[PDB]
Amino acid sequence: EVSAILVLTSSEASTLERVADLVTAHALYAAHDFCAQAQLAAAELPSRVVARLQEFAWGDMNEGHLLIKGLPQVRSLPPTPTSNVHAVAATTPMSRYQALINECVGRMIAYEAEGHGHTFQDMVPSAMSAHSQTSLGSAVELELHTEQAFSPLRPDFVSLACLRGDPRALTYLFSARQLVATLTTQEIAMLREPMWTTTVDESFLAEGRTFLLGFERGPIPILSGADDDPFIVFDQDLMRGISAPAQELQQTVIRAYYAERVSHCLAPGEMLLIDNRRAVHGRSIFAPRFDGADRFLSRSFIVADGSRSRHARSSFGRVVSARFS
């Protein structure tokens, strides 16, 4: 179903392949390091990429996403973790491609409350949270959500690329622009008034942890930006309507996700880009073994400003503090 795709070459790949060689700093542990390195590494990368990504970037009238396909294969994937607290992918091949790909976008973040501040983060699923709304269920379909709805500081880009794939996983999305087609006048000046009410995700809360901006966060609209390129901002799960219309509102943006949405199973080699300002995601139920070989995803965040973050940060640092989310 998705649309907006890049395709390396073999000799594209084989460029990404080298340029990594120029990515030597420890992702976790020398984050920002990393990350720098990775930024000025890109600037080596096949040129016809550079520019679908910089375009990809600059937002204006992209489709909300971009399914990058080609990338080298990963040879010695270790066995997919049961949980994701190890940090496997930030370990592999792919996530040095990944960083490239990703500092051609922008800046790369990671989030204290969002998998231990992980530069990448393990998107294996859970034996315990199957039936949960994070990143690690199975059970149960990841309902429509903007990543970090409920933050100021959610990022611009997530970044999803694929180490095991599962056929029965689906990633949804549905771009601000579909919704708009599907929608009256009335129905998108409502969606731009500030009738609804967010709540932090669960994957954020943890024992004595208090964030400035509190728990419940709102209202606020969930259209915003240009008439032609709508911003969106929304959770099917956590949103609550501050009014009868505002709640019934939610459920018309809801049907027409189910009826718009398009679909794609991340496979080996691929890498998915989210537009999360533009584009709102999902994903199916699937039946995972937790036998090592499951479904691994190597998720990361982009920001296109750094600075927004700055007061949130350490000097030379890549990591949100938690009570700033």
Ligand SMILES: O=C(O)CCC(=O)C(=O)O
Given for the second form:
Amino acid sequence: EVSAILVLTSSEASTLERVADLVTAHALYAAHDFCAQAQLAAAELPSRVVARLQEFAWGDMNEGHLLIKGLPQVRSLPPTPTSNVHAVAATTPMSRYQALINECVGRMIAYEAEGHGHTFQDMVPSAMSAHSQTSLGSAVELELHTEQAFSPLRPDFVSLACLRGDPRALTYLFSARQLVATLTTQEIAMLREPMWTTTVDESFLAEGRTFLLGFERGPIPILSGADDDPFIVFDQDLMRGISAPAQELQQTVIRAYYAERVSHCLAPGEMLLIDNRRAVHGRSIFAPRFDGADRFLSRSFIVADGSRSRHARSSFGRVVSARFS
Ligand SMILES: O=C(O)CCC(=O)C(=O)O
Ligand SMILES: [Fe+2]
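If the structure you just shared is the form solved without the named molecule, then what does the corresponding form solved in complex with the named molecule look like?
Time for the whole complex; same chain goes first.
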């Protein structure tokens, strides 16, 4: 299991519910005002909660993730949308609770090329099966990855709030610290070498869309940073080793992930913060019904520094333009 857990008491959950009334702007149509109101209102959250979130945000020895339990109950939840294009989560009370927690940690951001720049994306099963694929997506394991491995503007954190869970849908987490503990000195040194080229994810592609950084990037290393607190960039579908040993080292990371990954089945009222520099994530197979009661998460992204993406956004805008990813 996860172990890095923050459990809100009923009094803390009640304070959070009250503080959410200070966030009144439309999350989709006035994203910057919505996020700025959440950042200001987050000062009213219980100090014990704020302390834990700031410690996690600092990063040093943070475990790669933070699971938050005991959020106020999801009460009049609409049916789970059958597609992930509606942005239903963005108008629920859970999205306000998620914004308050997010804005303690850092600045919320969105990407034009990822779910049409929605402040909160609906993470719901897709019935879609493209040419290469032999299954709709939930029918296969979502492989270990860091979010936007190809992009220097990738989020620092991935935020997932659970509206409806599925008991067979396990979220898998595996930290860069867990990886390094299983490797030899030589494997660690090689993972720190720029031996992997990156490719823009197919979902980021569009007619007439050109990326300033091109379609193929790198070579880049898989590991970087401090020896005792390494950062990881990984994605087997979008990363190709420049040589046979670099390709074999990707397999070594995958085997270590299967051996050491921790799992958690997200349930209503829970929120998971993933440190996108310190951990990789994945998801098991599950069997959605597309009946209105399927697994439904609200996903959002966090960056420590909004100035790093200013060149890619408009003034008082929260959306990174596609060509800059
Ligand atoms: O469905 C999950 O548990 C995680 C999905 C995922 O890859 C994400 O949140 O980026
Ligand atoms: Fe992901």
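Numbering follows the first chain given and starts at 1. Each form is matched to the other, and the largest set of C-alpha atoms that superpose within 1.5 Å is called the rigid core.
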| message | Against the rigid core, a Cα displacement of 2 Å or more between the two forms applies to just one of 251, 182, 91, 132. Which? | response | 132
